[PDB]
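Q: The primary structure of each chain is shown beneath.
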Amino acid sequence: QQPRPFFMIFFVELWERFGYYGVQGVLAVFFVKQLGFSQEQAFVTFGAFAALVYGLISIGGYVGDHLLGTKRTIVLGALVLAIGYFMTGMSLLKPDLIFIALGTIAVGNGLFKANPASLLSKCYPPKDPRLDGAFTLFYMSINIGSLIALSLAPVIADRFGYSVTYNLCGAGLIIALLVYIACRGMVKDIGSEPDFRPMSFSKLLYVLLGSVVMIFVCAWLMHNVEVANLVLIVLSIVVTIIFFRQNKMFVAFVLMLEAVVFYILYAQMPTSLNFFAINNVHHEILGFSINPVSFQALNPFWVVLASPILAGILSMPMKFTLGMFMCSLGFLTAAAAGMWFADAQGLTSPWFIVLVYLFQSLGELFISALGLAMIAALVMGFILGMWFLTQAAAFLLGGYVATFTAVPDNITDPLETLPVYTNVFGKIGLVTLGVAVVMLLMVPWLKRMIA
Amino acid sequence: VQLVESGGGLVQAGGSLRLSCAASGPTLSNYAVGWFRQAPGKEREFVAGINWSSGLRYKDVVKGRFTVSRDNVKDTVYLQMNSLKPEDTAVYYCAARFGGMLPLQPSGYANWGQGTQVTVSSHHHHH
Ligand SMILES: CCCCCCCCCCCCO[C@@H]1O[C@H](CO)[C@@H](O[C@H]2O[C@H](CO)[C@@H](O)[C@H](O)[C@H]2O)[C@H](O)[C@H]1O
Ligand SMILES: CCCCCCCCCCCC
Ligand SMILES: CCCCCCCCCC
Ligand SMILES: CCCCCCCC
Ligand SMILES: CCCCCC
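Just so you know, the protein sequences line up as chains A and B, in that order.
If you count the first sequence from 1, position 98 lands on 1412 in my numbering, and the numbers rise without skipping.
If you count the second sequence from 1, position 64 lands on 120 in my numbering, and the numbers rise without skipping.
Okay, chain B solo, but in the shape it has when bound:
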């Protein structure tokens, strides 16, 4: 009923981060896990999720860049974020709902993590 996120941080545009979501008592394997993000001055939006049986759902802007996967020996869900852009900057929440649906709105999810900050800076090296 309580999830903990891990793995956020600060990365330069084009880099990668890997978020992980873990649950305490309930086996996370019975749960669709959706990753939401809140960017400054905007509402939480569905980024990406995996359901209890490996169906996946993505927001269009993150397709081919983000990957959601699930380790059901560690009872953990991952969000691998590649080719990160500045607009991906946000607080990322994992959320858990029993079963095989990933609804788009936060109200479809009962259990929520506290949120990790992901900042993607436009920094590049000097030429």
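In isolation and in its complexed conformation, chain A is listed as follows:
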């Protein structure tokens, strides 16, 4: 059905994402049980980590495009990422390593993330009709790797320790790198322009220096979220006023403020929703005992199933509006399951969290795998900059929001935690319903501006 380099890219993406979500699924619980962080500390440090891991993606697009070439930057990013995973496994020996290891994952991801997609677009003639389907399968590849990692990582951590799980993430990256090396032939004629000139050792050294410096800057920020907050505050307000001073661009801006809300909500899956499932949900579904942390796997699961269907099955503003209503419903559903459908002991049925994740993953499809491609369509390297910047700000804000659900380590009674989660999840749902409704109010004038 598909070109030969498609399958290489599919499996490289699967394994890289497996490694990343192997870390993401266990990271908040690792902060709490292993480093002894309070839930508030863990939630804000996860917010900072995810902010860096996402805000740095623009660099890697630029480096693959103009400095080293897309194929070289895939190799470099995979190597830095694997190093980061093995470094995170090493930090169970040397705890003071953890932040440097996390910054190495961030920078690794920053270099790697944008590049396989770019490579994939180049495996097909310029408007080959199979591209829509090839990119849907690419997203499903991300989510198969993610599903395996989110399901299995917590089990592995429970039975073998974190060092083994982080090392297995590293291993997933080394097998992605091996699949790339053993299919190098498939992509000999596919790449960006620097890929085909000889490599510039000056630019390679510049990238390695910047990478290292930025590893240290990330480790610092993750250790001191209170100045990351101000760095991103002032950065946002100053790119706010650079933006404001330079009519289809005002559409990209409001679309971005809505993607911000979506990413605040997305940020809850490894933090507040994860601990909600730990604390206030039955850990038994269809008669099987599971690790509650594995519940995060319900999002990629619903994506893997829903993406072909939705591919089969207005324009830009309505799709974003529908995604926002869906995320609203996911949180109102969580709030309702706590308010009305809980046990005497304060525990709620896992089916309610299955529906929460279905809603949230529909929202993801409508908003997240759509905004970037067509925000560009409305619009350039500045908006790519400021888009990844606002999404980093969204993960910082998400960590701060998750802290309203943080449970002191001495609380043991689920009826004591149930009302906290339901208050926060319901207010998140009601605000995101308001936001979705003003989105819908604005959809017509938006659709006109896109003309």
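FYI, nobody ran anything at the bench for these hints, they're computed from the structure.
Misleading hints may appear alongside valid ones.
Said to hold, decoys possible - Here are the simulated DSS-like pairs of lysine-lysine, each with C-alpha atoms no more than 30 Å apart in a straight line:
#, chain 1, residue 1, chain 2, residue 2
1, A, 1502, A, 1436
2, A, 1502, A, 1517
3, B, 98, B, 141
4, B, 98, B, 119
5, A, 1347, B, 130
6, A, 1408, B, 130
7, B, 98, B, 115
8, A, 1562, A, 1633
9, A, 1436, A, 1633
10, A, 1347, A, 1741
11, B, 119, A, 1347
12, A, 1347, B, 115
Said to hold, decoys possible - Simulated restraints, written as ranges between beta carbons of each label pair:
#, chain 1, residue 1, chain 2, residue 2, range
13, B, 163, A, 1552, 49 to 57 Å
14, A, 1560, B, 81, 54 to 62 Å
15, A, 1754, B, 130, 16 to 24 Å
16, B, 80, A, 1321, 49 to 57 Å
17, A, 1603, B, 97, 24 to 32 Å
18, B, 180, A, 1729, 38 to 46 Å
19, B, 57, A, 1540, 37 to 45 Å
20, B, 95, A, 1355, 19 to 27 Å
21, B, 62, A, 1540, 43 to 51 Å
22, A, 1409, B, 80, 26 to 34 Å
23, B, 68, A, 1729, 31 to 39 Å
24, A, 1477, B, 163, 32 to 40 Å
Here a beta-carbon is modelled for each residue, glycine too, at the ideal position from N, C-alpha and C.
Start from chain A and add chain B with the ligands according to the hints.
A: Here is chain B with the ligands on its own, set in the frame of chain A:
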């Protein structure tokens, strides 16, 4: 996923026993451990537990008599029972649930030991 209790037995009113719960594969340190007891003709009830981060929960009748503690080098949880009374006579089960909650009902716990018999006899010495 399989826990083994140890340390039950027969003791005179006012004596002590120490129950221990151990786990096989999963590190017990990620788990709230609750001790339940079934007395003849009654339902399992929550006696006492410790969660994954040293929060404790007790049934009112056993406060100031029972202590739950945790050794996370031996991956083991203890129930020290002092001032034992006849009504403490029961089968004691340890149970394990991931995380920091100790819910009161057996349904909140996925993993269960087989149970040790604790008998407290009103026997005392002759005066
Ligand atoms: C919706 C997300 C579900 C993801 C599904 C889990 C996928 C399979 C994981 C490995 C296969 C099963 O391996 C094992 O099986 C038993 C019963 O099934 C489960 O249960 C046991 O282990 C886990 C974690 O170690 C504990 O949190 C759990 O309380 C315990 O009873 C776990 O899932 C897994 O330790
Ligand atoms: C394909 C050629 C690979 C060249 C790798 C050179 C790495 C230089 C190391 C400089 C360290 C800062
Ligand atoms: C005292 C512990 C400090 C840990 C730092 C270890 C650095 C390892 C570099 C790979
Ligand atoms: C295709 C090989 C890329 C080499 C990059 C190595 C940088 C250390
Ligand atoms: C852009 C919204 C920032 C909110 C700070 C509390």
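Q: Verify the CB-CB distance for residue 180/B and residue 1729/A against the hinted window 38 to 46 Å.
A: The hinted range 38 to 46 Å holds for residue 180/B and residue 1729/A, with Cβ atoms some 41 Å apart.
Q: Take a quick look at whether residue 98/B and residue 119/B sit within 30 Å of each other, Cα to Cα.
A: 20 Å, holds
Q: Given the hinted pair residue 1562/A and residue 1633/A, is their alpha-carbon gap at most 30 Å?
A: Measuring from Cα to Cα gives roughly 17 Å; hence the hint holds.
Q: Do the alpha carbons of residue 119/B and residue 1347/A lie within 30 Å of each other, as the hint requires?
A: 27 Å, holds
Q: Is the Cα-Cα distance between residue 1502/A and residue 1517/A 30 Å or less?
A: Given that 30 Å is the threshold and the Cα spacing comes to 22 Å, the pair holds.
Q: Regarding residue 57/B and residue 1540/A, is the given constraint of 37 to 45 Å on their beta-carbon distance met?
A: 41 Å, holds
Q: Given the proposed pairing of residue 1347/A with residue 1741/A, does the C-alpha separation stay at or below 30 Å?
A: At roughly 29 Å apart (the allowed maximum being 30 Å), residue 1741/A and residue 1347/A satisfy the hint.
Q: For the hint 26 to 34 Å, verify it against the beta carbon of residue 1409/A and that of residue 80/B.
A: Since residue 1409/A and residue 80/B have Cβ atoms about 28 Å apart, the given range 26 to 34 Å holds.
Q: Given a hinted range of 43 to 51 Å, is it respected by the beta-carbon distance of residue 62/B and residue 1540/A?
A: Hint holds: Cβ distance 48 Å, inside 43 to 51 Å.
Q: Evaluate the given range 54 to 62 Å for the C-beta pair formed by residue 1560/A and residue 81/B.
A: 60 Å, holds
Q: Taken at face value, is the distance from the CA of residue 1633/A to the CA of residue 1436/A at most 30 Å?
A: Holds, at about 27 Å.
Q: For the pair we were handed, residue 1347/A and residue 130/B, check the Cα-Cα distance against 30 Å.
A: 17 Å, holds
Violated hints for the displayed structure, listed by number in ascending order: 15, 16, 20.
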